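Asks: Here's the letter readout for the chains.
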Amino acid sequence: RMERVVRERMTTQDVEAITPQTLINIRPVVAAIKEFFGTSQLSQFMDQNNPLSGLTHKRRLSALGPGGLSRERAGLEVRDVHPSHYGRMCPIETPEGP
Amino acid sequence: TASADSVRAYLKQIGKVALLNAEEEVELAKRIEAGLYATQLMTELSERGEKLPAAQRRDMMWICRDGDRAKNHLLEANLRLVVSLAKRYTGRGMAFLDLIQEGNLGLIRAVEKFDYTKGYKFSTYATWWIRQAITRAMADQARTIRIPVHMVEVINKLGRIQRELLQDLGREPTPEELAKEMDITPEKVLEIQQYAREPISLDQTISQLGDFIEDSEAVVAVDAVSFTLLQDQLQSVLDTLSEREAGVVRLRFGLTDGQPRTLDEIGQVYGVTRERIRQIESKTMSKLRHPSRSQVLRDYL
Amino acid sequence: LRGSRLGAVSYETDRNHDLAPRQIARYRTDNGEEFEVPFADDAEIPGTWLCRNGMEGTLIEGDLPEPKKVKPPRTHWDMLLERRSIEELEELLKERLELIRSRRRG
Amino acid sequence: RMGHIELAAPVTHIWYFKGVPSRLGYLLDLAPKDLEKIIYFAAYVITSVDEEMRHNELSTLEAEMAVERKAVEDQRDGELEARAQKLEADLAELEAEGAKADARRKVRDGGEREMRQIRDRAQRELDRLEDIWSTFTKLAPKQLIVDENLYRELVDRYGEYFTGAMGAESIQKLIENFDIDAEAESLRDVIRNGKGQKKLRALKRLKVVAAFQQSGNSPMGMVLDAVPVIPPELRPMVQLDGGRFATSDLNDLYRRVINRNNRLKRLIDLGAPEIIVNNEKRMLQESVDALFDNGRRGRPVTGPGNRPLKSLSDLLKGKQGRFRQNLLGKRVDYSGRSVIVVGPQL
Amino acid sequence: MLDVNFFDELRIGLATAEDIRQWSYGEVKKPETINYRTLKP
DNA sequence: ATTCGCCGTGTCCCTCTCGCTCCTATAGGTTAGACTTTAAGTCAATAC
RNA sequence: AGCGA
DNA sequence: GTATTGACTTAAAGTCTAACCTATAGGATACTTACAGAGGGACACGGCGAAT
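Protein chains in written order, with our numbering: chain A, 1 to 98; chain B, 1001 to 1301; chain C, 2001 to 2106; chain D, 3001 to 3346; chain E, 4001 to 4041.
Check before you lean on any hint, since a few could be wrong.
As the list claims (entries may be wrong) - Straight line, CA to CA, 25 Å or less: simulated PhoX-like cross-link-like pairs of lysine-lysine:
| id | chain 1 | residue 1 | chain 2 | residue 2 |
| --- | --- | --- | --- | --- |
| 1 | B | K1113 | D | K3265 |
| 2 | C | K2094 | B | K1118 |
| 3 | D | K3037 | D | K3138 |
| 4 | C | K2071 | B | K1113 |
| 5 | D | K3033 | B | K1016 |
| 6 | E | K4040 | B | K1188 |
| 7 | C | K2094 | B | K1051 |
| 8 | D | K3033 | D | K3142 |
| 9 | D | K3138 | D | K3033 |
Just so you know, the hints here were simulated from the structure itself, not pulled from any lab data.
Start from the sequences and build out the full structure, keeping to the hints where you can.
Replies: Shown next as structure tokens:
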């Protein structure tokens, strides 16, 4: 987004008069970072009711996300335990809900 | 094809008629002005005027219809100018088509009020008229709440100043900063921020906010029956006292019809003087302040 | 998270015992339609009223205080006359008149 | 309490136009693909015909066409004579000097090819004239007309004989001039005697036709003149604590219709060209269709964040309609809940 | 409009312009909702 | 080439419950703000 | 958006 | 206890000026085509082949 704005004004602005200070816009970059960290289903609230939960909410693998399979498309097919999970993803722990 | 795009359909439509030049524009302007004067003269001559000679009536009516023709031809000519201008603003307004139509309204104003003797291409005057009309309509029809033009302009100036200061400094400035920059007061700046607020949508995803909107102004569901019993108790207490005193209090405080009667009216309806009734009122209220008449009412606050 | 409206609860249920004495007025529209609006004893009846249909309606009793038209809208005639002159526009009319003449009969 | 908006131009209802099967399509026996072109001001429709006046001005205008084509042939034999004189000039300037045997006749071929393409021009324009005459001869009512130029020529040379209009008012006129009874009995005859696709279509249409005939329902209500407005508490703007107002997403649609209607009213009062007025009527149509069902025809009308708006239809359709949200259950007063434990001594 | 448990039929029907403008109590003709400053309709 | 009988493909409504956390210039309307007037409420004394 | 049965 | 008169202050209007918002009109070089940036059942709109 920043780049599109930059290249847009890179023609309109007069030459021999401009500088990266006058060219760059950081508003969309900071907005993108803020909109990620707040209000994104991966920037989850720290679930720390006990130290173990504090640890385990980290190291957690979530297959649902943006660029990911929501429960609508995340059917049974991907919910099984392929034999490649051994040593790479525990077969036991997983939320009992949907 | 799925040709349901009125945008592209309208562009294809307006692509039919050819663009014009300066001498053609002068010809059209002369024709429209002559047609207007012709219609005016024919109206004047129709009212207590003169029996228009058949040939003269004929060719002046021709002049009228031809002036309307030329007006329409010019509007068709500059529709493309309208769209080309409207492109810049879109992004912050309503449907593009609305802006195009406001531009057309500005065009009909311009062609109504153009002068050719100054020897200029019509494009510039058309442009200014168009932009004025578009901005006016956008402002009037921008938000669900209406924000008149001068306050719109100061809002836009505040926004531009804040945005350029964000670009330069990098931080969002302060209300006092914008007050000093715009030569206005910080309280005025706060008011402009306040009126700048745009309504949120009751419809959203979270579910809709409309779910959790408590009705703070609504039936309390307890104070209703509470006031019913209150009124019952007041009628009882007033019956405990003298009938004259009770009626005087009822008229003084509007308990019988909701219309608060004052000392002169009550003295008139009782055939006595207002000071008499004031003595009555003072003695009755003193009687009421005596706790035995107030133990059953104290808890009602 | 809550909200309110600019309204009056006015906990009063209803009272059919005493109604502020009121007659009823009627303002016929422009197309033979009548839309009664009640008015109180102390009410000052209008000469004409915005009826239920929407258009302006006049009271059945014949009064007619003066429709009193307002300034004509700014007509293209207005913005032409305020910047030109009758003789000049007449000259233009003659120019186009003789133009169509010479076009027609040569 | 409800409101209403008087529309400066009647507008067709969307459900009975777009929802397949098209109810107007079956009532007027019109294809949806060609009815969209009508009600969206893309094509004209003939809504009447006077076969007697066409039948005698047929002779008169065939004489006129003979005159016109004889003038065309005057132009064409003017071309013949002019190119013949130029070709004899080519003779006098190619066979009168020292030149090459073929280069002297390259101008011959050039002139002959000029005449070939010129008679192609004359033939194609004459064919256009024959086509338009045949169209006038075989024109009928309740009929579609595309090619704006063709329609304009048709009206301004045959302005009588028919009412050719464009859009919702033309559809209104067609419904006005429509005997349901005789048409229904015709469909009854067709299902009495026909077979195959014809009888099948007769059944599909006779369905709605007899549906309208049996009741006291006039089909005038299919096209609309006064659009009602929902009571405001059902589309409230409730303020949140802090001045952040909360509209109901129908207020913007009701606006759109009001602004476009007022713009149309001012345009017609002022006097505007056909292009602008018809465009305005098209925008009014689209605004009403969005109001009734956004996202049905064409691109859904978006809001901020490119979110589609919630029209009236969306208040009933799907899982989130009224038929479910407050009819699949309600929260109830005088209630409670808690975790349970075993009560063996009870 | 307002009645008691008397119910035998719920008849839907295609509405007509006369029915609409007989339903309504007024003719809204301005695209405004609330005064921005005093917050009144 | 139209009829009638088959296939074939494209576009659309629906799927458990319950809980918790840009500017200028005119003219008119509005309100606002303070000065002034008046009905109004009070207090002191009093006679019956 | 997250969670319990 | 009940009903009065004569100061003495007080809230509710009434008014005058006014002053400050608010709606409307206009701006006269040249200025001429938006954007794009699941699955399942079911029905209806349409391929492929024999018959007249």
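Asks: Kindly indicate which numbered hints from before are broken by the structure, ordering the numbers from low to high.
Replies: none
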